[PDB]
Amino acid sequence: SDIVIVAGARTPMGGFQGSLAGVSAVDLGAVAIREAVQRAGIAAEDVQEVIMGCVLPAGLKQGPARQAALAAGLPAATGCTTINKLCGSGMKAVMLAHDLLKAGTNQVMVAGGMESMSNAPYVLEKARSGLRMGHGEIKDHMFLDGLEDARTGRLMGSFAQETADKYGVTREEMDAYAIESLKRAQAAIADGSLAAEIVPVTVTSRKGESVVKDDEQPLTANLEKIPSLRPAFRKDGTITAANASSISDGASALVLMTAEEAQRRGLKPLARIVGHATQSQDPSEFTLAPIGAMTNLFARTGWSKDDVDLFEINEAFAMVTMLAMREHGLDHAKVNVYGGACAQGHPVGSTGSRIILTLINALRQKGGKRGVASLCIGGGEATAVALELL
Amino acid sequence: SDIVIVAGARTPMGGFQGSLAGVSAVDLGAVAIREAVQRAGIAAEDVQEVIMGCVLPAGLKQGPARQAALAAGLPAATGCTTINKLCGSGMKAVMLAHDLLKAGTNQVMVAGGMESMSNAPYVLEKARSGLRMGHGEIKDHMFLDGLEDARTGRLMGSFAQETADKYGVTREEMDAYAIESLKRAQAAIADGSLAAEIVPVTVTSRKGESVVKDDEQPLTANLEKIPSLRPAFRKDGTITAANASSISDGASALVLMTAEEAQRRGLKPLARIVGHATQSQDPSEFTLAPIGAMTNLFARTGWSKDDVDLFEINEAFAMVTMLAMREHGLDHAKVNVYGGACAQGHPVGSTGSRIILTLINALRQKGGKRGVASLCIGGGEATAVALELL
Amino acid sequence: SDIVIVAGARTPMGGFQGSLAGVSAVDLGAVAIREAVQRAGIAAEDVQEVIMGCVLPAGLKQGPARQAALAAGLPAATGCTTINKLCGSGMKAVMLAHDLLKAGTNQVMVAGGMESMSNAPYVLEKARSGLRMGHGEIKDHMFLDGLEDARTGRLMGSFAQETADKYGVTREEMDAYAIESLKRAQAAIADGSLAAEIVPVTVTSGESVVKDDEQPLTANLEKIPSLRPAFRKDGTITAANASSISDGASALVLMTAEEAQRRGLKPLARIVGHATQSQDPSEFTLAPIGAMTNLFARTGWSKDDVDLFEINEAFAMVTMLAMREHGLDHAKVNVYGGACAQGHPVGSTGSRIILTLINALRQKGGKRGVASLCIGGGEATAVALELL
Amino acid sequence: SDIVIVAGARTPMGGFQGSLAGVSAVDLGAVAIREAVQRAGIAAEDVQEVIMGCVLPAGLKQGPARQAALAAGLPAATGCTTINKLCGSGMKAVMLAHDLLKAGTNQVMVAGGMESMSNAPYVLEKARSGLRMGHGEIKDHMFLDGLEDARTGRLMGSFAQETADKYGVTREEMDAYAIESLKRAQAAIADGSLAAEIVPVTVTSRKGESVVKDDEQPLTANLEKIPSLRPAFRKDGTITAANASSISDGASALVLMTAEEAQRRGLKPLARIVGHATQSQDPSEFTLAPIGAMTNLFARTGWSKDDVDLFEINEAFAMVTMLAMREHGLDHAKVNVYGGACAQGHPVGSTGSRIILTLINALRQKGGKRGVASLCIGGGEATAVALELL
Ligand SMILES: CC(C)(COP(=O)(O)OP(=O)(O)OC[C@H]1O[C@@H](n2cnc3c(N)ncnc32)[C@H](O)[C@@H]1OP(=O)(O)O)[C@@H](O)C(=O)NCCC(=O)NCCS
Ligand SMILES: CC(C)(COP(=O)(O)OP(=O)(O)OC[C@H]1O[C@@H](n2cnc3c(N)ncnc32)[C@H](O)[C@@H]1OP(=O)(O)O)[C@@H](O)C(=O)NCCC(=O)NCCS
Ligand SMILES: CC(C)(COP(=O)(O)OP(=O)(O)OC[C@H]1O[C@@H](n2cnc3c(N)ncnc32)[C@H](O)[C@@H]1OP(=O)(O)O)[C@@H](O)C(=O)NCCC(=O)NCCS
Ligand SMILES: CC(C)(COP(=O)(O)OP(=O)(O)OC[C@H]1O[C@@H](n2cnc3c(N)ncnc32)[C@H](O)[C@@H]1OP(=O)(O)O)[C@@H](O)C(=O)NCCC(=O)NCCS
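Chains as they are written, first to last, in PDB author numbering: chain D, 2 to 391; chain A, 2 to 391; chain C, 2 to 206, 209 to 391; chain B, 2 to 391.
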């Protein structure tokens with residue numbers, strides 16, 4: 002059973018306590034789902050199972066993906082599951098779906114991601130039992146259960162820093178990358194090349210109500226300020242907020258069906274999924290997992306870099322994409338052509354699925370075909386997806 | 002591809018803030034993954050993917066499943082995912098493993114779940130942005146994200162209370178069900194009926210290091226109190242501690258394979274997955290979802306209630322199993338033979354893959370072949386799974 | 002011995018999360034205590050004991066008075082006590098100062114009070130023992146130990162809304178008083194009538212100097228009839244006629260008259276007497292009336308000998324009911340404004356008004372002044388001072 | 002004007018989370034004031050002003066002293082104030098009462114103090130504005146505002162340990178001191194000595210009513226453990242729990258008058274206050290501050306050490322009383338005749354007044370006319386009262 006991506010939608014990527022702060026992650030998951038369905042040509046009735054990535058579901062209340070579904074308009078007959086594969090949660094949702102559909106368990110499914118890092122709460126670890134005496138920690142849940150390694154408590158960035166140096170990556174080369182990302186993720190917000198993949202967002206507030214249709218981080222940045230930005234993860238450090246992905250808010254969804262189920266509803270799906278692959282190695286090498294994730298996909302699928310037109314390779318850290326580009330021998334003109342998250346943002350739970358939609362939607366406006374999205378995973382993993390335009 | 006369970010393991014269930022409280026959920030997941038992969042007569046290296054349920058990941062640190070697997074001794078070359086299908090994550094985890102094994106992504110998988118309700122933290126919702134002025138809230142993570150309806154903010158036990166009344170389930174009727182679960186629960190401890198499936202878990206007291214091997218509630222549970230306990234969800238309600246499931250810490254792991262992977266490796270699997278099904282409906286009517294689940298199971302399999310030797314139906318509340326039994330016309334003596342969650346405890350992330358495994362235990366020990374396992378899920382859902390001994 | 006106020010100084014009074022939010026209460030107290038000393042015209046060493054009002058001592062660390070004394074440049078040998086009789090803190094510090102200086106225990110004292118209401122933290126009450134199971138409250142310290150009655154957890158503007166109503170005080174009456182206040186306040190700033198009592202603060206974020216109270220620069224006169232209530236949906240009390248929440252500090256160098264002379268100092272005022280009034284916590288808005296009644300019974304005065312009163316504007320209505328029941332002239336009360344318009348950093352104000360009263364009495368010509376403010380738990384104090 | 006103490010009473014001192022963790026600071030002062038006034042021969046009305054020391058008010062409510070004054074049965078006309086001179090607050094309040102009486106301001110006053118370090122809250126300093134990002138602290142209000150010096154954040158202990166090394170006091174010397182303290186406490190608890198000064202306290206819990214009428218530490222203390230105890234404050238230090246004042250709850254209250262006011266109502270008072278002294282030095286030298294206090298006292302009063310029949314030198318640590326006894330040449334046979342803080346306990350707000358009581362009680366039961374009571378005050382300070390029976 003050949004699996005196909007019928008429709009796809011995703012929210013703007015609102016930066017930390019920025020545009021979409023007054024929206025709950027769930028509410029952002031709806032906007033993505035609700036519009037992924039409408040763009041498909043199906044009804045809500047006719048969705049069997051949802052799978053949503055969600056890394057920080059503290060304070061999201063019971064069954065985060067259940068809520069996102071009911072709000073998106075879906076019936077209570079529809080089954081839902083929240084998953085956490087950290088920064089791959091969104092691309093793991095698509096792969097769980099893709100396999101369930103190969104195994105005849107459903108014929109129509111949605112598979113997106115969702116994060117409001119802004120309203121990720123705070124946590125008290127000993128307050129249940131009693132702190133008894135002495136001061137104590139109160140932990141950033143975004144940080145504690147998201148950005149910092151379980152063993153070392155070191156920031157995903159701290160590791161990027163170590164790995165970077167070790168492979169030779171100078172302030173200047175890492176600034177070359179993060180500088181073009183700001184122009185590309187402004188060249189597309191200009192040529193309006195992202196309005197297609199995106200669905201704007203009606204936000205409340207004291208200052209009346211407002212529409213949000215554009216990626217927040219790039220329009221509130223400075224491209225000249227870059228080679229003076231203080232280091233972010235080590236006093237004498239090469240990594241800064243320019244070349245490190247942003248803390249941001251958003252969601253995204255895809256409708257997935259079998260070839261037949263789509264050829265039987267006379268729907269014309271955007272793309273077909275050719276294969277997926279998981280890379281897994283040591284937490285400290287999370288920044289490099291992408292190399293082997295593709296090296297596995299290129300393996301299972303029979304493809305090479307050369308037979309690929311575009312790649313969406315998440316910029317958790319400019320060096321991730323760089324070293325992945327370096328190691329696999331990828332021309333920079335064929336990688337994140339509308340720019341990566343070091344310009345746009347990275348709502349950890351959502352990106353996996355966004356970059357699939359963005360990839361898809363680039364193969365379209367660039368009249369390309371064969372594509373590969375990969376992202377890195379805190380805990381030392383990558384997930385690689387490979388699809389084809391229809 | 003006929004899909005086989007090959008071996009399985011499940012920790013003792015400890016009461017809220019008792020015998021398994023020192024140990025984390027990551028750490029109970031490890032004990033259980035280890036002792037499963039071993040009993041299967043395979044090596045760590047041989048495990049390709051892991052799928053671990055977990056409803057309460059606040060305070061668990063990055064990738065709760067990644068830490069479970071690593072700590073167990075699985076090499077980092079082994080993919081790790083955390084899912085949340087509320088109280089059904091265990092069963093879903095198995096159900097996903099199932100379809101992925103079918104699909105062809107993997108031949109060897111570990112799937113299961115882990116939870117320490119005792120070490121669920123607390124959350125401040127506005128500590129990040131600022132409480133400006135006036136009193137604020139501090140939220141029990143277990144209740145806010147695990148144990149109460151998203152929409153209304155009402156506890157599972159409250160929705161259960163309303164439906165007990167509506168279906169006219171009397172104080173007396175429910176106790177009798179529970180006065181039986183505990184009798185069955187102590188009998189298995191007494192005569193070692195659950196030894197096959199339990200790994201013991203080694204803990205630190207102030208007296209040095211002791212082993213826990215038995216479930217906690219069956220021991221700390223006084224049978225001649227059940228008629229005089231107070232109601233739990235309504236001042237004058239029917240549902241008490243005794244006929245509601247206890248809040249528990251535990252984990253459980255199963256080793257799944259294609260039948261021709263067990264064959265190739267010269268192994269004797271325990272049982273076969275014949276089929277699975279889901280049911281979804283109004284989040285207020287979740288206790289009535291297992292009935293549909295099993296109906297959906299019977300349809301997808303071709304099984305009837307007569308072709309079924311033994312049943313596992315998770316006793317979230319005595320009324321859940323009582324009502325699935327009434328409608329399906331099931332025979333008490335062939336349903337939760339060794340007792341359920343009302344006597345033995347309910348580690349929410351875990352109880353979905355543990356029951357799969359008590360079933361495989363009872364079927365072999367009581368001399369059955371065909372078994373059905375199912376449980377209700379908050380959000381208005383349930384999962385069912387059907388299996389046959391080899 | 003008669004008691005002189007040698008000199009004084011008080012900070013600007015910033016808003017809630019406003020201009021002196023970047024300064025702790027201990028640091029404001031400091032600014033106030035240092036500039037008081039300098040003015041008295043004596044050495045930090047000459048001061049023998051420091052008493053400060055502090056309502057909200059959570060997270061100011063050990064002995065808040067003590068820290069302030071030290072940071073103000075007073076030596077380690079300088080006695081330090083920190084006290085709380087709520088909003089009357091500042092003025093009780095000056096009444097404990099009076100009684101010490103009367104009884105031979107000292108000669109040179111500093112008294113006043115300090116309050117960052119902005120940086121008042123939040124508290125948890127069960128987290129030491131353990132929360133165990135079920136949700137919990139995170140209480141504001143401001144509200145729990147300052148603004149909400151003990152027995153009834155009811156705010157003070159709630160009790161004052163209730164009093165206004167029984168004593169029949171309309172939105173109109175009140176919004177009027179509030180308008181005259183904000184004018185007299187806005188007037189004093191342009192005129193510089195408060196430059197003498199005030200000591201500027203240098204906040205560092209670069210760095211800038213706060214010199215004028217902050218509320219009266221950001222309070223529209225126009226919109227007073229258009230403010231929504233604050234304590235009950237069908238309310239007559241608003242942001243305009245109820246005191247606003249304020250950073251600020253105030254200190255005051257008291258001597259025995261003998262030590263004043265014996266140092267060649269020319270002091271500002273003499274403390275002729277003082278009184279406390281204590282009654283039912285619901286009737287806190289009415290305690291000033293008793294306060295001043297006892298103060299007259301003691302001093303031997305009548306409202307006649309008073310040239311100017313400072314009866315704190317805790318709520319517009321507290322002054323408006325004292326003004327009724329004592330027969331006081333709005334023209335002879337809170338001349339440069341009051342709490343409603345300027346601010347009310349709760350610990351500080353008790354002393355501040357003693358200081359403003361003295362700056363006015365001078366600039367406006369006048370000998371005899373009276374200070375009174377209302378206190379939760381059902382109390383008030385009054386001071387009776389005379390210029391020299 | 003001559004000042005007299007007409008009566009007092011004092012709660013038994015509770016241990017930290019011990020046998021008065023279920024009464025507030027306020028209800029303890031309440032129990033104290035009431036019995037004080039009862040023993041005084043007077044009517045609650047006749048009390049004109051109330052001064053109560055309390056170091057840890059956070060969470061106690063508005064006007065801790067007021068609350069207590071009322072709950073004792075003192076009318077609303079009897080006005081109230083709360084003061085804070087750290088560990089000598091309770092003495093300070095008596096000194097202010099003495100001065101106020103002297104000056105003409107009242108006729109009958111009540112001075113005392115109250116602490117419940119048990120029921121002291123935890124604080125979040127950065128909540129109101131917001132934590133924005135990264136982990137925070139939750140700060141013990143007993144440590145922050147009570148037991149750690151402002152400048153350094155070091156514990157009173159840490160200063161006491163560093164002082165004890167410099168002035169060369171050996172662990173074995175402080176343990177000999179501690180050992181005679183506790184034997185004195187135990188002899189005192191059992192022979193009934195403290196009963197004339199103690200007022201029993203009535204509580205609830207599960208079972209129903211309890212009467213606490215005995216200091217808790219002397220009854221839970223094991224003489225033998227003294228020299229085996231770990232070092233409390235430095236890695237390989239000399240200061241242990243047995244020779245540090247215990248964290249405790251309690252309260253005390255004295256009924257003071259001028260001499261003529263007590264005769265006018267025809268009452269035989271217990272003792273005349275003769276003088277008080279205040280010492281103040283750098284915060285690291287707080288430990289030695291009682292020496293200045295009794296120096297300045299001797300200086301004001303006219304008195305010398307051979308005039309003083311008994312001392313109450315509160316033992317914040319064994320090494321205060323010891324360095325204090327060394328310097329003024331005192332005999333532990335004449336100082337803390339019934340034990341002190343190390344054995345019984347240290348309710349910071351209360352000890353100051355309490356020990357004025359024990360001193361008196363002691364001088365009546367052991368024959369003796371002249372007394373001195375001093376205690377060291379966090380922040381480099383110390384107060385001291387001298388008093389004469391009548
Ligand atoms: C890098 C990090 C520490 C920076 O946090 P921050 O302090 O909030 O940074 P901000 O971007 O908000 O502000 C810093 C400056 O960078 C600038 N900036 C940010 N992105 C920029 C870009 N692409 N180009 C140019 N300037 C940029 C901002 O405009 C701002 O300028 P200013 O300080 O002069 O006003 C933070 O984003 C982080 O923790 N990174 C998350 C990555 C991570 O670990 N997780 C990814 C999962 S693998
Ligand atoms: C019902 C509930 C509130 C009871 O917890 P509790 O009263 O706080 O704690 P306990 O269970 O210790 O107290 C109940 C009492 O009954 C006893 N008890 C528990 N199970 C018993 C049994 N099977 N037989 C007899 N006695 C039993 C306890 O041991 C205890 O005895 P005690 O009162 O003398 O101490 C709690 O179990 C709960 O909320 N359950 C959650 C159910 C849930 O949400 N699960 C998910 C469903 S999808
Ligand atoms: C806090 C309190 C002042 C209410 O204010 P708030 O809700 O925080 O709001 P603000 O202080 O911003 O006031 C609201 C508006 O009225 C304005 N305002 C307040 N006082 C004003 C005055 N005297 N004249 C004109 N405008 C005024 C503010 O500037 C603001 O204008 P804006 O909304 O257009 O910006 C009031 O509830 C209060 O006093 N609480 C504490 C109780 C107390 O004082 N107790 C101690 C006395 S015993
Ligand atoms: C040092 C301190 C923090 C230790 O806390 P702690 O160790 O939790 O206190 P504990 O009472 O549990 O002491 C540990 C042991 O010492 C024992 N102990 C304490 N005082 C004892 C005594 N007088 N005789 C015998 N044993 C004693 C306890 O019984 C306990 O034994 P256990 O292990 O069987 O329970 C505490 O005693 C203390 O009071 N410190 C602060 C001092 C203070 O009040 N500061 C203000 C002074 S200016």
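Quick caveat, the hints were computed from the structure, so don't treat them as lab data.
Please note: incorrect hints may appear among the correct ones.
Below 25 Å or equal to it, Euclidean Cα-Cα: the simulated DMTMM-like pairs (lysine to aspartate or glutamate) are [stated by the list, open to error]: (1) B:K127 / A:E138; (2) D:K103 / A:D47; (3) B:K236 / B:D308; (4) C:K140 / A:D310; (5) C:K127 / B:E126; (6) B:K62 / C:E181; (7) A:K167 / A:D192; (8) B:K370 / B:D332; (9) A:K103 / D:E126; (10) C:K140 / D:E389; (11) B:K167 / B:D237; (12) B:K62 / C:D3; (13) C:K140 / B:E138.
Hint by hint, where does the structure go against what was stated? Just the numbers, ascending.
3, 4, 6, 7, 9, 10 and 12
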